[PDB]
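Just the one chain here, laid out as structure tokens, in the form deposited without its partner chain.
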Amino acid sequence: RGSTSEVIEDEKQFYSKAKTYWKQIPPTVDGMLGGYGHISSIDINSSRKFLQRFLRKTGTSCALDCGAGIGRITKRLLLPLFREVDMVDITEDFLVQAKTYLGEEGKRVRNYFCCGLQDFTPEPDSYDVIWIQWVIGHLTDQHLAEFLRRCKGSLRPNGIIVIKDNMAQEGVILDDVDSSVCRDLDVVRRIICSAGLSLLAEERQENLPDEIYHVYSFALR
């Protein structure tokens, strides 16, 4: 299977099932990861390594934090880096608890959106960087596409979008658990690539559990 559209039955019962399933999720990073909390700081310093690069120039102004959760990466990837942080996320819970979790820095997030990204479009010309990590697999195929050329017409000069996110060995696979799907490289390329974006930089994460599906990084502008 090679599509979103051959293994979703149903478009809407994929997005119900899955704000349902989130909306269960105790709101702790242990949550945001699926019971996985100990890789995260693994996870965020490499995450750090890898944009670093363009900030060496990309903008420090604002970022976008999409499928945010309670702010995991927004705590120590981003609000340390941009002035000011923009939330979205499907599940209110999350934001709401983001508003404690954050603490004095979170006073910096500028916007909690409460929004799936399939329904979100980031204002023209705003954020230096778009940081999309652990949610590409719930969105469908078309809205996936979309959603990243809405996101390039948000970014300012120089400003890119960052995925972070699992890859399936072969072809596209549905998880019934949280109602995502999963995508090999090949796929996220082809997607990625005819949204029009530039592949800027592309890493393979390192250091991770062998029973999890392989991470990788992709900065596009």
Contents of the next structure:
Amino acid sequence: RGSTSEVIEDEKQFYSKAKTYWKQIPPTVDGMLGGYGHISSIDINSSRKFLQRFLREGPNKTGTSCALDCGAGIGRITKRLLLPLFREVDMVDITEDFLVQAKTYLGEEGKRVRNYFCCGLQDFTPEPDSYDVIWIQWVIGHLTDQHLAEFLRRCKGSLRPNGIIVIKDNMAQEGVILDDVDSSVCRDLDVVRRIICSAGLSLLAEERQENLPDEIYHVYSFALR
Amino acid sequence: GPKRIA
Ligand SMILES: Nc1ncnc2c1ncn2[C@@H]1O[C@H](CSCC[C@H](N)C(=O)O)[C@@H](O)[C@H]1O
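Go ahead and give the structure of the form solved in complex with its partner chain, now that the form deposited without its partner chain is out.
Then the entire complex follows, led off by the chain already shown.
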């Protein structure tokens, strides 16, 4: 199947099953990464190289005052990617336990986290003209195709001048694959590009993550605005 | 997060 409408028989249960899953996951890096904590540094290093280009190379350079971490969990990305590069960071996540642990996990640099929003992305509206970078990693599979498009549109309205949205996620080989355990979908490159392009966002960069374990789905980063 | 190809 090629859409969520086909693989998601009950949209209400698609969301409630995912909320239930994450509510009893340990608030640790291994919990965030499904046992793949050993690739966290490899992931963060590529994300930094991918992002530093928009921040260093003009013209129309991306600012460094504020970033939003979407589906942030305990702040794995906020801690090692975003806080070293942006003056302040906002986090949003559906799981209360992760936002609470983030205060401890982030340590002293976590004092630069401005807001800990507790919300599903499908219900979340980032404030207009607020963010230089909106980072969306390993969470787009928890939204339906339509909710993802609408969320990206709301994100576009919250970007400051020259700001970007970044999506980094697993890509399926073909079509849309449903994961029954965590209640998320995996989409192929064509589906994701169509959702993005079809929602009114411009695709600026696209990069496959190298050096990942052989056994996992491929991971891609997209920069959009 | 990262996942084994099912
Ligand atoms: N509908 C939804 N809205 C917002 N967050 C959601 C969500 N469904 C799942 N999540 C969150 O998505 C995260 C996936 S684990 C990924 C965490 C983080 N992006 C990282 O890479 O380290 C979990 O923190 C979970 O609570």
